[PDB]
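Visitor: What follows is each chain in one-letter form.
There are 4 protein chains.
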Amino acid sequence: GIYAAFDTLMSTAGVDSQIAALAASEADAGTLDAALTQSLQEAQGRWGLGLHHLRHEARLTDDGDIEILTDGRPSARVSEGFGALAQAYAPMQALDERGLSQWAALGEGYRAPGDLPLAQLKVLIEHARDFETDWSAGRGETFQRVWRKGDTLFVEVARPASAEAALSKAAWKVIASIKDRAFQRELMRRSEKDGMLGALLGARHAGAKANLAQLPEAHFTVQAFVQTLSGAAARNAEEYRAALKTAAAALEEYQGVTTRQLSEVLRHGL
Amino acid sequence: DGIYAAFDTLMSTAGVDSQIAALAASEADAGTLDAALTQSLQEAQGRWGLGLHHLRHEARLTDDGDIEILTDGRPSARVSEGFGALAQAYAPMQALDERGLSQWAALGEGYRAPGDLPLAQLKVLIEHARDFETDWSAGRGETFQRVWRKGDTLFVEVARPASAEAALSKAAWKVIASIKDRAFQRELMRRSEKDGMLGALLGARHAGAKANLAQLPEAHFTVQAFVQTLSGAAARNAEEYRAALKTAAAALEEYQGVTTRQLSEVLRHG
Amino acid sequence: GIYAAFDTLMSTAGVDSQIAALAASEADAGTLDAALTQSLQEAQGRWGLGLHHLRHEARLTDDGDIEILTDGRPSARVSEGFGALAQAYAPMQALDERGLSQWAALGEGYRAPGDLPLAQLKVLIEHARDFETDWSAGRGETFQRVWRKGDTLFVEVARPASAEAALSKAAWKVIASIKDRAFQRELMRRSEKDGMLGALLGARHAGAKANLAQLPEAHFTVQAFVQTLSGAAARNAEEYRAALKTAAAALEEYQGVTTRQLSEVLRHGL
Amino acid sequence: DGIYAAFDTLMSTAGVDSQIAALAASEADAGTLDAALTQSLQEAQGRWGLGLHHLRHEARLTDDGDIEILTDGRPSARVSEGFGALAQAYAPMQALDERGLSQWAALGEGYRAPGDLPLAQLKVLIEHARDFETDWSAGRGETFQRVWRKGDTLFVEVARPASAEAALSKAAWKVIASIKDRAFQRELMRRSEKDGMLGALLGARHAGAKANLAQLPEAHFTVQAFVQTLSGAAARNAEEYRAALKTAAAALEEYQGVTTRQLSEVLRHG
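Taken in sequence, the protein lines are chains A, B, A' and B'. A prime marks a further copy of an entry chain. So the number in the entry's author numbering is just where the residue sits in the first sequence, counting from 1, plus 11. So the number in the entry's author numbering is just where the residue sits in the second sequence, counting from 1, plus 10. So the number in the entry's author numbering is just where the residue sits in the third sequence, counting from 1, plus 11. So the number in the entry's author numbering is just where the residue sits in the fourth sequence, counting from 1, plus 10.
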């Protein structure tokens, strides 16, 4: 179907959209469009595209399609495929040498550097109104950044990985667990000319590489996590560190679940 | 003794040389006049200490031959109605503490850091935040100070609250104290026991002296603060902020100092 | 000077800026910037550039220059010359085959065509909130359009003419009045290879063509007029026609005064 | 004070004696004039340091009585429009680093050896290669140098970047520093504290001085480089290359040296 296809897309970010069920349960377009939007926004925070400065909408067209839009302008439709959506987002983002977004989550306006001490940041969390920090190296290969808009502060934690890199990570895991050592050697010697992901796909049925490209996992993967704090907690420094630890461990589990899901896909792929 | 001259003497009570009487004779178009009038009223508002920066102050020449004073678009008073009427119009809009400082946040609804704040935490807000505002903090001598930034401009207000009636009694004392005829000076100090310093010098009771000077702008508006502004990179340099705080307190002492001199000239006659 | 140069620029739109005098009369930057802005906006309505959808600012730089900006972005400085300002505006405008702006004064959003009857427009003037009309052919080679933003309606009347076309119109008038018929014939036979404006300039001193290019009249001319109606009059249909007739005759006089000014410039050009 | 004389003074700012005014009076055919004009503009381009050698610079006499300046076939500006307009026309085409040198490769798209290169590796490219180009490398003193070859001709450009405005302030200092009346010299140095070296000498602010000299070619074009060329067997002799590098730096010091002398004559009057 088409609503289920949008769901498989949201699953690549760890979002339980369940639009196929809502689209079934009769329903007004407003609930559909509203639920589609709330799903697409939640997915943007984890894909690591770096488009927080944009308004993300998902609407149900009179075609029967699902139109995904940025700043009110149509990006692609779900019926176009997920490569069209990734290629739609592609010119909209600017990524540095680490795969981190060069854009600012609050738009243009000064944002502090990553060299900022936690004490100077502590007063920004407690006595500034709107502020943003650049990317600073997080705890263990991870990266992080913080910003507040209005009465809500946002902490983002990112371990940048492309969809191809996420699949190669799970391709290593699959080959590492083949009980047949003979097949294992065969896959390892062909990994020189084809790579780990290419060697595994070559030893599947002839259409696996093509079937893989049609899945949303081929172009979208969990790259970051966003934790929100509101009310008085948004100005609490200790509460901020508590949310930072909560988010980095949430990203690690989501990135861990993705590898397990991809492993069972590289073993069986329609 | 015209109407444009009436505004000039009103701006003269804030140390603002509007030169509206010349610009009126200048055969300048009305748009330039309204701009000169409006920008002058804003300059005076920062020095009158009414604490109405959260309002949009506006002045415009009526097609009636008068000039109208607006706040947030609604007309408050017209200059031909008397300077007390404008003071009476502003007064209900003001929220003043027991020290004479506005409790109004200059930036509106939001977070306001306390005057308790250490200068150390202030320096971070100057350099790494965007929009911020502090409350009232005790400054050099008996003055008070606050600081805020809206967009690309930084605002430094240092104030020493003194009512218009309080400035009159102080100038009335400076003239009474300077009286060389011990016999005449003793007479005024005898009247001041009941009628006060201003009532004694005017040979009346207190409220009678207030009624004598009713149409005088100096009897309704004085200078209680000074606003120094920085824009651009200087608005983010804490070394240049500190410099602006001193320039504002120096101009406050100067502008507060010439109003008691000018007032002595007014009171010395009768 | 530099402030006088901005004034000569405003004179090309029929605006009495008088900034050289204000810049002399001491003054705060805010009055300068505010007066500069109010002047530049009034001039945009008559130059016929078609940039109503833009925010026009003019500020005094710390250089001593005058910075003209569009939507908050610097376009050019007065010290750069007027060709730089015209070339700055040039890529910002879209003009049709008649020299009329293809942009909308209210931005994107539906606007009615020029084929709209006055009766259908009458209800738009009386019961719509925000509306705009496309260019319709006005009364006698003239063009017109109407729109309302908020509590203010705007009627624009335009006789499109480039600065070169305005100068050639005044070049015809100068040659048509030469008492020396011999010189007249001489200028007319050279008008075949050089044109009317080129022939007259050739018979002046050798540096007139270069001196002409440095004047603001070489790149800016009165092309339209804008009449504003506010309050209850903004919704009055008869008052709208009264303003339309007021504006088209204002443009005709302004275009008539320009030709007279240019005639006395082509006769004498420093 | 004609138009051909206007080009000659424009070429005089690059040390190029075009003698176009004489060639115009010479009753020479237009093809010879366009050739003299075009080849002169190319000579000046190598010394202006605009770094536009990847472009085809062209000049031709319009049938309008003007002369038109082309780059890659498209018209950039016409000489009667003012020398700033030509500077303003070239400026967006330039790509300049923080040192004032063109980042543009003189040969276009291809490989460019770095300025890091040892002279040893350069000698092989001189003797055994065909087409090659080096980047910018620090040369004798504070100058910079690059070298390239296209076909049978070798190009040696040595540059010391200095803007036109920077050359004016330097000449304004040389005249101010030479003032013998200690009283007058002290006055100019007091103005230079705010208005700068050029503004102080002209009795104005900085932007006012820029506006005074607007129509002067020396205010928009100076010499920042020199190009020395070898063709034939000398273009493959590293011993003759080294000789050309010195001849170019000697002519750079000479041509840069006479522009500050000539500029002192210009500034000394007012």
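Because the hints were derived from the structure by calculation, they are not lab data. Careful, some of the hints might be misleading.
[To be verified] Taking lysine to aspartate or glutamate pairs in the DMTMM-like style, the calculated list, with each CA pair at most 25 Å apart, reads: (1) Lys204(B') <-> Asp82(A'); (2) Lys160(B) <-> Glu250(A'); (3) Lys204(A') <-> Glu264(B'); (4) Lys204(A') <-> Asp107(B'); (5) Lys160(B) <-> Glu249(A); (6) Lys204(B') <-> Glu37(A'); (7) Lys160(B) <-> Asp73(A'); (8) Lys160(B) <-> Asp141(A'); (9) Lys160(B) <-> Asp82(A'); (10) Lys133(A) <-> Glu250(B); (11) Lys133(B) <-> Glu249(A).
Visitor: Could you run down the list of hints and mark each one as holding or not?
Guide: Hint check:
1. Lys204(B') <-> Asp82(A'): violated (30 Å)
2. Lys160(B) <-> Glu250(A'): violated (41 Å)
3. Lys204(A') <-> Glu264(B'): This hinted pair is violated, its Cα atoms lying about 44 Å apart.
4. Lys204(A') <-> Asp107(B'): violated (46 Å)
5. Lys160(B) <-> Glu249(A): Violated, because 28 Å separates the two Cα atoms, which is more than 25 Å.
6. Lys204(B') <-> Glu37(A'): holds (17 Å)
7. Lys160(B) <-> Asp73(A'): Between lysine 160(B) and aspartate 73(A') the Cα gap is close to 21 Å, so the pair holds against 25 Å.
8. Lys160(B) <-> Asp141(A'): violated (31 Å)
9. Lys160(B) <-> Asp82(A'): holds (18 Å)
10. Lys133(A) <-> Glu250(B): holds (23 Å)
11. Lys133(B) <-> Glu249(A): Roughly 21 Å separates the two Cα atoms, so the pair holds.
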